[PDB]
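Undergrad: The residues making up each chain are set out below.
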Amino acid sequence: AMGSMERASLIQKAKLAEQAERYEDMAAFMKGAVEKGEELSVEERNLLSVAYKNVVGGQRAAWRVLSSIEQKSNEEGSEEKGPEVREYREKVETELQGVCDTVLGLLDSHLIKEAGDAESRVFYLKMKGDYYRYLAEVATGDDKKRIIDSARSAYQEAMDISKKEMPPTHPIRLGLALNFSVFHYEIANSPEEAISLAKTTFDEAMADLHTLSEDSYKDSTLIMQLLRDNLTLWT
Amino acid sequence: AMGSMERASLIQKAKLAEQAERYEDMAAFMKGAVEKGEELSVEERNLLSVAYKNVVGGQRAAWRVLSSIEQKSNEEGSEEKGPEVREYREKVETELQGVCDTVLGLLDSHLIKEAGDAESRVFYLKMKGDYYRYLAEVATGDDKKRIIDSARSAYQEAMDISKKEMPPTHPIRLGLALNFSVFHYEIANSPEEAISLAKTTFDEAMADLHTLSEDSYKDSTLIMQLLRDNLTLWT
Amino acid sequence: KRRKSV
Amino acid sequence: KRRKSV
Ligand SMILES: COC[C@H]1CC[C@@H]2/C1=C\[C@]1(C)C(=C(C(C)C)C[C@@H]1O)[C@@H](O)[C@H](O)[C@@H]2C
Ligand SMILES: COC[C@H]1CC[C@@H]2/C1=C\[C@]1(C)C(=C(C(C)C)C[C@@H]1O)[C@@H](O)[C@H](O)[C@@H]2C
Ligand SMILES: [Mg+2]
Ligand SMILES: [Mg+2]
Ligand SMILES: [Mg+2]
Ligand SMILES: [Mg+2]
Ligand SMILES: [Mg+2]
Ligand SMILES: [Mg+2]
Numbered sequence: 046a047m048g049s050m051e052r053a054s055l056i057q058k059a060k061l062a063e064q065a066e067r068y069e070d071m072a073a074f075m076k077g078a079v080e081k082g083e084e085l086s087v088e089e090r091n092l093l094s095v096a097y098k099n100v101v102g103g104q105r106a107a108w109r110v111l112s113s114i115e116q117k118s119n120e121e122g123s124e125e126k127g128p129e130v131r132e133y134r135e136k137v138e139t140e141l142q143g144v145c146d147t148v149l150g151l152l153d154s155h156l157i158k159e160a161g162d163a164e165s166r167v168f169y170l171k172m173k174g175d176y177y178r179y180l181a182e183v184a185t186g187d188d189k190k191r192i193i194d195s196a197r198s199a200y201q202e203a204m205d206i207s208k209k210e211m212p213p214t215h216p217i218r219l220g221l222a223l224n225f226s227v228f229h230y231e232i233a234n235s236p237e238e239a240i241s242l243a244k245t246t247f248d249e250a251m252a253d254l255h256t257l258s259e260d261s262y263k264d265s266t267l268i269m270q271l272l273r274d275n276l277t278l279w280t
Numbered sequence: 046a047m048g049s050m051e052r053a054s055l056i057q058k059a060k061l062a063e064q065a066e067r068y069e070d071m072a073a074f075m076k077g078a079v080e081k082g083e084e085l086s087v088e089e090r091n092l093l094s095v096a097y098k099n100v101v102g103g104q105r106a107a108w109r110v111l112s113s114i115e116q117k118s119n120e121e122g123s124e125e126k127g128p129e130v131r132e133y134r135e136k137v138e139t140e141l142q143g144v145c146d147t148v149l150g151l152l153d154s155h156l157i158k159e160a161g162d163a164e165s166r167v168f169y170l171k172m173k174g175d176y177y178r179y180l181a182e183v184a185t186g187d188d189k190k191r192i193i194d195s196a197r198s199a200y201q202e203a204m205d206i207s208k209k210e211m212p213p214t215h216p217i218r219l220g221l222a223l224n225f226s227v228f229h230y231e232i233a234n235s236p237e238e239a240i241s242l243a244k245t246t247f248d249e250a251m252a253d254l255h256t257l258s259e260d261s262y263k264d265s266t267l268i269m270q271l272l273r274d275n276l277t278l279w280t
Numbered sequence: 002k003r004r005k006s007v
Numbered sequence: 002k003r004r005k006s007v
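Chain order of the listed sequences is Y, S, Z and P. The opening position of the first sequence corresponds to residue 46 in my numbering, with each subsequent residue numbered one higher. The opening position of the second sequence corresponds to residue 46 in my numbering, with each subsequent residue numbered one higher. The opening position of the third sequence corresponds to residue 2 in my numbering, with each subsequent residue numbered one higher. The opening position of the fourth sequence corresponds to residue 2 in my numbering, with each subsequent residue numbered one higher.
Please keep in mind that the hints were generated in silico from the structure rather than gathered at the bench. A few of these clues could be false.
As the list claims (entries may be wrong) - Listed next, with one range per pair, are the computed distances between beta-carbon atoms:
#1 S:53 - Y:69: 25 to 33 Å
#2 S:53 - Y:143: 25 to 33 Å
#3 Y:155 - S:48: 34 to 42 Å
#4 Y:241 - P:3: 51 to 59 Å
#5 Y:257 - S:106: 31 to 39 Å
#6 S:159 - Y:190: 37 to 45 Å
#7 S:80 - Y:46: 54 to 62 Å
#8 S:159 - Y:153: 50 to 58 Å
#9 Y:260 - S:106: 26 to 34 Å
#10 Y:188 - S:66: 25 to 33 Å
#11 S:262 - Y:51: 58 to 66 Å
#12 Y:124 - S:80: 25 to 33 Å
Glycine is no exception: its CB is placed at the ideal position from the N, C-alpha and C atoms.
Make the full structure from the sequences, and use the hints.
TA: So this is what it looks like as structure tokens:
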């Protein structure tokens, strides 16, 4: 598909698509780069995650709009407007599931299995938790518990490695904790675990800031502020 | 394609896609509605134009980003980075041309020919000028003059009808003049004509505001402020 | 900024 | 507003 383009050209075009805010193109260029079979560098893993996080973030936001319309349409006293809202929410839902399945597929074939370094392994397992969590946001049927547990299992293995192999200030460790905390709060119905995790993560990072350069400090404090934003919202 | 969906369902889904900011879907639903062969109401013509104006506005903005990168890459002292920028600008350019051609096709088959009322005929001819103008923004070859003249001819026939059949405050008349003035300023290398047209249009509308209700007043003064914004920028 | 169209 | 994720 992107099979005939050079890996380096795909990478270069992903960067151009990012500059152009063309995230669907960005994601397809990065998908092509992953399918070349070589491991991704730090920079390239970042492009991969930014492309999909934007594509799926757009589909999730639209799904939420449509879901909220569909819920109002189902309230007592609501005029029957036919199947259209549910159909079009399903259409957006299907496309979003397809994007999650695409990313999960890239992680399983074969990014995770070849990722030996903590910074690559934790990154990819965080993505695995994130995309199962997006599937969980829309899941309503037989598989919901297993989708939730898949998100949990991926975040958990990422947390276990990151606690062993990464400093408490590492941005990947902080972003993973941020998202796993959101998973607990809104997917797993465990707001206490979500709060505890955000708090402990924030405090352990505070105590390690002193080891950092000014640039590392700014990187870590950026995501710490997201932890604090959630603690503020939730407490 | 949208052939199996009811016209009213397409319309309803276009409105939902708008609420969800899913403008590609919106445009495809409206394309399906037009292809049902019945004339569009005022509301439906508005949905049609909003869907495409958003889709093409996104592609144009991305094309401008990529074009500016490509131009810097061609400046003296610029490192040769290979064909990627030009390729990916071409890719975005081709997709944008395809969208313009789709809309132009809907206008030619058969929206314009069945549009008898001034408000429908001027609207569709304004769209015809707009989409040839977007083609002109990217045109660099043998056909550029004819693409420009197609935009001109469509805007001109819309102006001639609108001056005959619509009050000077009508929002379609004001938006048509606004865009034809931009056509003159940046496509046709006629900034004096663009300024004259924006000024005359603004002043003729000012003098007709007194006939309007409060709601019509707000509709007309909104687009008049766009005319003034351009006059401010250009003078 | 950028000229207006509608 | 909306909780943060990254
Ligand atoms: C898989 O999870 C990736 C996610 C975990 C934390 C953060 C990640 C995404 C990107 C690439 C970055 C930022 C920072 C600007 C916050 C937002 C971006 O989306 C990087 O710069 C960070 O070093 C870091 C890897
Ligand atoms: C084909 O040119 C259509 C363009 C000409 C002027 C304006 C048009 C677009 C839309 C549908 C409208 C607005 C106003 C909010 C400014 C911006 C929208 O894009 C309508 O409400 C106006 O009555 C009017 C038809
Ligand atoms: Mg090669
Ligand atoms: Mg390896
Ligand atoms: Mg380490
Ligand atoms: Mg029917
Ligand atoms: Mg007719
Ligand atoms: Mg009239």
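Undergrad: Of the numbered hints stated previously, which ones are contradicted by the structure, given in increasing order?
TA: Hints 4, 6, 7 contradicted; others consistent.
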